[PDB]
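S.K.: For reference, the chains in residue letters:
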Amino acid sequence: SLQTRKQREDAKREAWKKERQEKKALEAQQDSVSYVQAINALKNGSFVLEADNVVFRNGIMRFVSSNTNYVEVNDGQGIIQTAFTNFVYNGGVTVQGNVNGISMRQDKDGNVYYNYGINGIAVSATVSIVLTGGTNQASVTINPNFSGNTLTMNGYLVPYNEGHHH
Amino acid sequence: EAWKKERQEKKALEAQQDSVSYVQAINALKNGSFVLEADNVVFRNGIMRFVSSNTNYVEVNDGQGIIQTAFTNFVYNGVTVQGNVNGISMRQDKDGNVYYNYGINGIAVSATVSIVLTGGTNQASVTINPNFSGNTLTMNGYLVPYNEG
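One line per chain: the protein sequences are B and A, in this order. Numbered by the deposited numbering, the letters in the first sequence go through residues 20 to 109, 116 to 191 in order. Numbered by the deposited numbering, the letters in the second sequence go through residues 33 to 109, 117 to 188 in order.
The set of hints was computed from the structure by calculation and includes no laboratory data. Please note: incorrect hints may appear among the correct ones.
From the derived model, a few chain B residues whose C-beta atoms are all more than 10 Å from chain A [as the list claims (entries may be wrong)]:
{"no.": "1", "residue": "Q49"}
{"no.": "2", "residue": "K62"}
{"no.": "3", "residue": "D71"}
{"no.": "4", "residue": "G78"}
{"no.": "5", "residue": "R81"}
{"no.": "6", "residue": "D134"}
{"no.": "7", "residue": "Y141"}
{"no.": "8", "residue": "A163"}
{"no.": "9", "residue": "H191"}
Covered stretches of chain A, going by a simulated chain B footprint (3 or more residues, C-beta under 8 Å) [stated by the list, open to error]:
{"no.": "10", "segment": "40 to 54"}
{"no.": "11", "segment": "78 to 92"}
{"no.": "12", "segment": "162 to 171"}
Over 10 Å on every C-beta distance to chain B, these chain A residues come out as not near it, computed from the model [stated by the list, open to error]:
{"no.": "13", "residue": "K62"}
{"no.": "14", "residue": "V74"}
{"no.": "15", "residue": "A102"}
{"no.": "16", "residue": "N136"}
{"no.": "17", "residue": "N179"}
Don't be surprised by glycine CBs; every beta carbon is placed ideally from N, CA and C.
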């Protein structure tokens, strides 16, 4: 009937907007899992931010591969790797060295503010990470040689993993 | 040599699509008819959040503009800013990056907007200053012609 034909669309509206839109409450729990993993990675000082995009001080943003743009802290040692030269968009720099001056703060919404310095051979930097609460989505701002905030990496904060990483 | 030579060719095909998208972006900004669909949003307090491009965007068409975001008062923890587009500046640097600025004047609401388009691509960053507050919000994503998005 016409009646059964329309009853099998109105029950489909109660299924498409319920089961296939349950990937918002489940994705929230997934983001919660990644959050706790990011918190614990920061606490244990063994983490990497895998950059999805990079924003320069001239306002340029570029989407990016996380294999060649990352920020890593592991075993008291820290790496800043980017594919740009002096943190300008227009083979870059590897700021590797000792991690010092670590502070970790948390707001009322569980957003985490993780700050530290890197003592390198050629260049030094202060690093500022903001982790979004209930997610592993994080922003890393890098200030090289006290010159000013120059480069921001936006991406995913994960535990350091001998496997994936390098 | 085996795997890492075919992957270099598929990079160059993407680098040709990027250049095509750049000309389309540049014409869209010039015509005052464009949309930037946000992939992620960066807030004043340094929070960034990856978002859906249908609930976070900027569009300008036919002398009118809208800023739509899912976040109340432009803070992470949903505003609509609609109005008339005025004071347009469009400049290019030597590397071909485009700097597109304008204001939005609406009903008891205003915003200034700064767009940086990355040369050779359609990747762009849009920075929003609502009601002279400096409670800034930046949207990062892709800038397309208004009818394409």
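S.K.: Taking the hints in turn, state whether each one holds.
M.R.: Now for the hints, and whether the structure bears them out:
1. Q49: The claim holds: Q49 (chain B) sits with its nearest Cβ about 13 Å from chain A, beyond 10 Å.
2. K62: At about 20 Å from chain A, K62 (chain B) clears the 10 Å cut-off, so the statement holds.
3. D71: It is violated; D71 (chain B) is separated from chain A by about 8 Å at its closest Cβ, not greater than 10 Å.
4. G78: Label violated. Min Cβ-Cβ 4 Å, cutoff 10 Å.
5. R81: Violated, because the least Cβ-Cβ distance between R81 (chain B) and chain A comes to about 6 Å, which does not exceed 10 Å.
6. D134: violated (5 Å)
7. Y141: The assertion about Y141 (chain B) holds, with a minimum of 15 Å to chain A.
8. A163: Label violated. Min Cβ-Cβ 7 Å, cutoff 10 Å.
9. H191: Consistent with the label, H191 (chain B) stays out of reach of chain A, its closest Cβ about 16 Å off (over 10 Å).
10. 40 to 54: Check failed, 0 qualifying residues.
11. 78 to 92: holds (count 5)
12. 162 to 171: holds (count 4)
13. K62: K62 (chain A) is indeed farther than 10 Å from all Cβ atoms of chain B, at 19 Å.
14. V74: The assertion about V74 (chain A) is violated, with a minimum of 7 Å to chain B.
15. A102: About 13 Å separates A102 (chain A) from the closest Cβ of chain B, which puts it past 10 Å; holds.
16. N136: violated (6 Å)
17. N179: Label violated. Min Cβ-Cβ 5 Å, cutoff 10 Å.
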